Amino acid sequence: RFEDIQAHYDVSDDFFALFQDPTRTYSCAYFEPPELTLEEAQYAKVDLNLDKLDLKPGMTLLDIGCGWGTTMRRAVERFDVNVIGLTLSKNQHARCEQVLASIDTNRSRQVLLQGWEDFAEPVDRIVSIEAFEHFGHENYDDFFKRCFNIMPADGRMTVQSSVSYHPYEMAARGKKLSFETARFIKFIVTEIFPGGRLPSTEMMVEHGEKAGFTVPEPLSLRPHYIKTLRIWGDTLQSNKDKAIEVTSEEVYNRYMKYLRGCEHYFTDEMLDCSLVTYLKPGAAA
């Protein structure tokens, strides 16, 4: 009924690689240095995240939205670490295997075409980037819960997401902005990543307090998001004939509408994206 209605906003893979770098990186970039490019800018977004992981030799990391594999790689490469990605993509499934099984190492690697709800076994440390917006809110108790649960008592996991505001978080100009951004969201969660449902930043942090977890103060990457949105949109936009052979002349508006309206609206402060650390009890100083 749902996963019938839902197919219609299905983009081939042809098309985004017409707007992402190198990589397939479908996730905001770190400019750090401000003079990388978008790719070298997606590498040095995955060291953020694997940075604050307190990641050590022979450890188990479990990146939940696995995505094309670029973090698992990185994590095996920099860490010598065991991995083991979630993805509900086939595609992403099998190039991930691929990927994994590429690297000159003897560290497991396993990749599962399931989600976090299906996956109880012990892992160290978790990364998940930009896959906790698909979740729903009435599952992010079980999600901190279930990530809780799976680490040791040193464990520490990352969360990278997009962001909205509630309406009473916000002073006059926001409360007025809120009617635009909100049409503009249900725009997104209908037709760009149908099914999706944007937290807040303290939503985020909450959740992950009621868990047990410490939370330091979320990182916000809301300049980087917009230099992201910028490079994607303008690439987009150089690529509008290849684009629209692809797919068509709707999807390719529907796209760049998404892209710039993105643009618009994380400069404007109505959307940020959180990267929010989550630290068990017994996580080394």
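Numbering follows the first chain given and starts at 1. Basically, rigid core = biggest C-alpha set you can superpose within 1.5 Å across the two forms. What changes on going to the form deposited in another entry:
Just a single entry of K176, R78, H166, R183 exceeds or equals a 2 Å CA shift between the two forms, which is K176 (rigid core superposed).
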Given for the second form:
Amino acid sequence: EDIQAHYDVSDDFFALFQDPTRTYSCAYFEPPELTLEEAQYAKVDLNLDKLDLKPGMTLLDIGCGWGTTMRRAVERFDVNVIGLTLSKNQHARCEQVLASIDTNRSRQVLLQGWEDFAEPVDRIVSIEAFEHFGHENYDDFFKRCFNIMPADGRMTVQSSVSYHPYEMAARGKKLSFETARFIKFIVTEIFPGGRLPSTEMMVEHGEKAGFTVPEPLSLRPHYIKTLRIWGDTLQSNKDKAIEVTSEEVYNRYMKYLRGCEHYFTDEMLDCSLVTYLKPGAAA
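Structure of the form deposited in another entry, given the form deposited in one PDB entry:
We keep it simple here and write out only the one chain, dropping partners and molecules.
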């Protein structure tokens, strides 16, 4: 706990490498010449367009960040929204983002985890929160998501993934041990207590809960471009980043950002956008 708190970093530091929306997830460069900011909106659209959202439905955002996904959903689809975050800062910002919207739709932000959320919702989106949940909680997660949705329910989960050690060993022993050590660094120093799933885990746990799971979308090339821009931006802001934190924290995040770009490029990490369809989902 204390040792993990050593890895707490100011929101101000994150602002020195992210786009103006402060999206801390894979952008979607379609078309390829989008700015990072436009690509973060495109990634939100990529997720929401999979969810068969109709006016007056309620969308649940599990890990709602700074509220960008929820705002886009209200504005584009005329839906009610509920977001879950455990960040007090993100909670306050989401309430202000949603209050700003010209709408009669209900907007709610809860400072709580999915474990404590048991209200009926139409559709669920979760963008790069899943890596915090832990393997032993995946069955409870998919069961909760299945049970709170109607017969035509759908969910997207976007998550960074690694491969089963067996599969990693297939793509060179030297690279398997080197990748495992970097993943340990990610889930120790960058996201304390994190644990990467595999795409196969994300699929099989959904199926066991009763979801239909089509072929997941790989975002690998998009995450490479995202991490290149994040790294280039942090580096261009080096002095300011050291002033707000320390040389230690700057070096840690340069290692994270360049490191991830490398292991994504070498196809030892991936990013999967998995769609989960309830049996009564529209065709």
